[PDB]
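2 protein chains.
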Amino acid sequence: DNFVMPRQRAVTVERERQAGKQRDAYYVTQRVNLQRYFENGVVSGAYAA
Amino acid sequence: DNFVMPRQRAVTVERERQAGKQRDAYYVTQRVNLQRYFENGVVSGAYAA
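As given, the protein sequences belong to chains A and B, one line each in that order.
Residues 409 to 457 in the UniProt record's numbering are what the first sequence spells out, letter by letter.
Residues 409 to 457 in the UniProt record's numbering are what the second sequence spells out, letter by letter.
Any given hint might turn out to be false.
Stated by the list, open to error - In silico EDC-like pairs for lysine to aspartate or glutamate, Cα to Cα no more than 20 Å straight-line:
| no. | chain 1 | residue 1 | chain 2 | residue 2 |
| --- | --- | --- | --- | --- |
| 1 | A | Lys-429 | B | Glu-424 |
| 2 | B | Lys-429 | A | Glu-447 |
| 3 | B | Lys-429 | A | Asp-409 |
| 4 | B | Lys-429 | A | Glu-422 |
Claimed, not checked - Cβ-Cβ distance ranges computed for the label pairs, FRET-style:
| no. | chain 1 | residue 1 | chain 2 | residue 2 | range |
| --- | --- | --- | --- | --- | --- |
| 5 | B | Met-413 | A | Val-421 | 24 to 34 Å |
| 6 | B | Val-419 | A | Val-440 | 16 to 26 Å |
| 7 | B | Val-421 | A | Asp-409 | 29 to 39 Å |
| 8 | A | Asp-432 | B | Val-419 | 33 to 43 Å |
| 9 | A | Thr-420 | B | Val-419 | 26 to 36 Å |
| 10 | A | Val-440 | B | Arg-439 | 39 to 49 Å |
| 11 | B | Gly-428 | A | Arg-415 | 20 to 30 Å |
| 12 | B | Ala-433 | A | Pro-414 | 22 to 32 Å |
| 13 | B | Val-412 | A | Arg-423 | 46 to 56 Å |
| 14 | B | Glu-424 | A | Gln-430 | 35 to 45 Å |
| 15 | A | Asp-409 | B | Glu-424 | 39 to 49 Å |
Because the hints were derived from the structure by calculation, they are not lab data.
Ideal Cβ placement from N, Cα and C applies to all residues, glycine included.
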């Protein structure tokens with residue numbers, strides 16, 4: 409519960425029709441992050457030495 | 409009545425979506441000039457010195 413993901417723009421697929429080149433371009437963009445309310449709530453373990 | 413407005417096209421707005429850049433460029437264009445029939449008809453006063 410401590411961690412939460414903020415989001416401004418979700419995953420979107422926008423296609424731009426290039427004409428001089430016959431190809432069609434597909435663009436995918438996203439706006440996300442990962443932040444926690446307070447400076448605690450996660451613990452990690454590591455091998456000795 | 410000695411001056412004119414030679415105009416080819418009026419004020420026009422244009423909208424283009426540059427999806428590869430994710431902008432929305434706006435273009436405004438017009439064509440005008442200021443001419444007079446004859447080489448006289450104007451007078452302007454200026455400060456001294």
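Right, here's what the structure says about each hint:
1. A:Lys-429 with B:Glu-424: holds, 18 Å
2. B:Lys-429 with A:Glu-447: violated, 38 Å
3. B:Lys-429 with A:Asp-409: Violated: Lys-429 of chain B and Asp-409 of chain A sit about 37 Å apart, past 20 Å.
4. B:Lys-429 with A:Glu-422: holds, 12 Å
5. B:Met-413 with A:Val-421: 24 to 34 Å: violated, 49 Å
6. B:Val-419 with A:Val-440: 16 to 26 Å: violated, 43 Å
7. B:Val-421 with A:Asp-409: 29 to 39 Å: violated, 51 Å
8. A:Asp-432 with B:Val-419: 33 to 43 Å: With Cβ atoms ~34 Å apart, the hint holds.
9. A:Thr-420 with B:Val-419: 26 to 36 Å: holds, 34 Å
10. A:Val-440 with B:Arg-439: 39 to 49 Å: At roughly 48 Å between Cβ atoms, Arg-439 of chain B and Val-440 of chain A fall inside 39 to 49 Å, so the hint holds.
11. B:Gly-428 with A:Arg-415: 20 to 30 Å: holds, 24 Å
12. B:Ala-433 with A:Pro-414: 22 to 32 Å: Holds, at about 30 Å.
13. B:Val-412 with A:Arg-423: 46 to 56 Å: Holds, since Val-412 of chain B and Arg-423 of chain A (Cβ atoms, about 49 Å apart) stay within the stated range.
14. B:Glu-424 with A:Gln-430: 35 to 45 Å: Cβ of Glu-424 of chain B to Cβ of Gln-430 of chain A: about 20 Å, so the range 35 to 45 Å is violated.
15. A:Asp-409 with B:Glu-424: 39 to 49 Å: holds, 46 Å
Going through the hint list in order, the structure does not satisfy hints 2, 3, 5, 6, 7, 14.
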